[PDB]
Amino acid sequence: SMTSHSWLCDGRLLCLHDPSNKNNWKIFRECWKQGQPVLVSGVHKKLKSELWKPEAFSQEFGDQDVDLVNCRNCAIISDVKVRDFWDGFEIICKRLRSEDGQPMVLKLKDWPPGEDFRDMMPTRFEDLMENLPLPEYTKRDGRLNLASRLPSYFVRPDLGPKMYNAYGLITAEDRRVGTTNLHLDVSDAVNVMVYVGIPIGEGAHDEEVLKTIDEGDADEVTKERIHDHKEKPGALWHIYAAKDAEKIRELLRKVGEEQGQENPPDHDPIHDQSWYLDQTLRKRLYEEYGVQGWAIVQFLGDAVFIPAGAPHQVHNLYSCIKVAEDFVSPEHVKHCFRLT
């Protein structure tokens, strides 16, 4: 039976089922006020699927110059064509190779660049913005988005949305690497999975994906969503409450010192965006500091709501196209105030 919602993370994560239900706000606002993330499924069914394919991006924009990142070692690949990224998105035999002769796991950096999504892709912009869930919070002019309404005493978000494009991590060694390292944002955000690419060539690689979700601490109901098939898994997230950010900084200063980094006692390891919390570090955070997070698998068409101030990291299971919009809810406006 169709239902309004369900729970993941053993009751700690709200999952809304109908992205355009006019009564979603009544269930959402209780969880949101408590500083929790929220998941909304089904957004892909609202979108024009032909606008979100890797082959269309390559055909329309392939001659633009861009930089890539090697996710395994953080090396920058400078001033290449955007088709060099898109043509290897699902076909492994077409990827740029490292010195060892392996195909690289790449992230497309800052594309479209800065605030240029709307000018570059006006049809994509309309398709996304008209289909975002919780539209009183998430639209540029929504009644519960204070972004356009605040004076300079508040850090205001850039004009969005922003696109996040990267290959899937593949090997047992790759399990300890992030697509996006641990960081926080002073605005709220909604992140939508608009396409998941499952390759062919080294097709048959779903085996190491199961071990990553399991070791990632995914709850038993998320494992039913994985093991049932039916839906394509994109990325594994770990999100932490804003109230636990300083305890995470204390752990990462202790570990930086143990690993012989030489850092002033005050430096900010979350702002540096240099760490990925692997299974060893997540267990140490729980046991030594008393901090629990939320382990979230974002499937095709899932919208993740990330509260302002909440530290979070992303690990792509397969090749992903994500689109995110920042907003300023009244519940979390304290996180962007410039005094006290």
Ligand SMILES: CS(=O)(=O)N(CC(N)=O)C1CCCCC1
Given for the second form:
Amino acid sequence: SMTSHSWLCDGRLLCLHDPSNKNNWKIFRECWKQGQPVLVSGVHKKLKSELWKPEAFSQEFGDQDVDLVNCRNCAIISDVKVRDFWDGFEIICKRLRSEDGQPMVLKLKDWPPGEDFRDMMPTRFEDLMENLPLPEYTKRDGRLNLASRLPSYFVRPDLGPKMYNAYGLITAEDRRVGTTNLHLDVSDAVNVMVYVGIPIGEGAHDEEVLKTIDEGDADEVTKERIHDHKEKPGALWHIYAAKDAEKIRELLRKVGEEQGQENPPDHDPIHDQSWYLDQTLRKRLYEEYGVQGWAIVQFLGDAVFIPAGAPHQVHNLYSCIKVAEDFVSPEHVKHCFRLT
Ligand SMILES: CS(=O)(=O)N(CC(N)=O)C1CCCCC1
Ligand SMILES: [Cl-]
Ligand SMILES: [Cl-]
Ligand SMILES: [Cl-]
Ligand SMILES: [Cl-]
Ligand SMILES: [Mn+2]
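Mind sharing the form solved in complex with this ligand? What's above is the form deposited without this ligand.
Shown next: the complete complex, the earlier chain at its head.
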């Protein structure tokens, strides 16, 4: 039977089933006011799937100049063609190699650049914006989005959306690394998985993906989405309540000191965007500071709602294309106020 919703993270995470259901707000707003993230599945079935393929991005935009990051060591690969990234998205033997001769795990940095998404890709922009869930919250001019309505006493988000493109992490050592490191945003955001690329050549890399999800602390119902429904998993997220950010800063100041970093006692390890919380650090956060998070596996077509001020990190299981839009809900506008 079709149902309006279900629960993940043992009842702590709302999962809405129909992205275009006009009654979603009634269930959504109760969870959202308490500072929880929310998941909405099925957004891929609303989109024009031909507009979101890596081969199309390569063919249409391949000649533009970009920087990449090596996700294993944070090295920057300067001033290469965007086709050098896209043509290795799923075919492993086409990927740029490190000195060791291994194919690199790469992230495409700031592409499209700044606020240029709408100008460069007007048809993609239309397809996405017209199919975002909770549109009174997420559309540029929706009635519950205060972005366009606030004075300069509030930090206003840039014009979006922003695209996030990166390969999947592969090895046991890769389990300890992030695609995007732990950080927080002063605005709310919705992040949609529009494409998951399962590669070929080293195409049989299914079992380390399971160990990563398991060690990632994913719930039993989330593991049933793979084994029972054969949905494509993109990325493993950890999200923490805005109210726990200072306890996370205290853990990361202590670990920094243990590892011989030499940091003033007030510096901000979350703003630095330099940490990924691996299994050891997440267990220590829980045991020593009493802080619990949400471990979320974002499948193809899943939209993750991230509350303003909530620390979060992203670990790609396979190659992913994500598109995110910022918004300012009245529930969380305190997070972007420039005084007290
Ligand atoms: C110190 S901070 O965490 O960077 N911060 C203060 C601010 N004025 O932006 C806000 C960040 C969003 C959540 C509420 C706090
Ligand atoms: Cl809050
Ligand atoms: Cl376009
Ligand atoms: Cl809505
Ligand atoms: Cl990062
Ligand atoms: Mn973010």
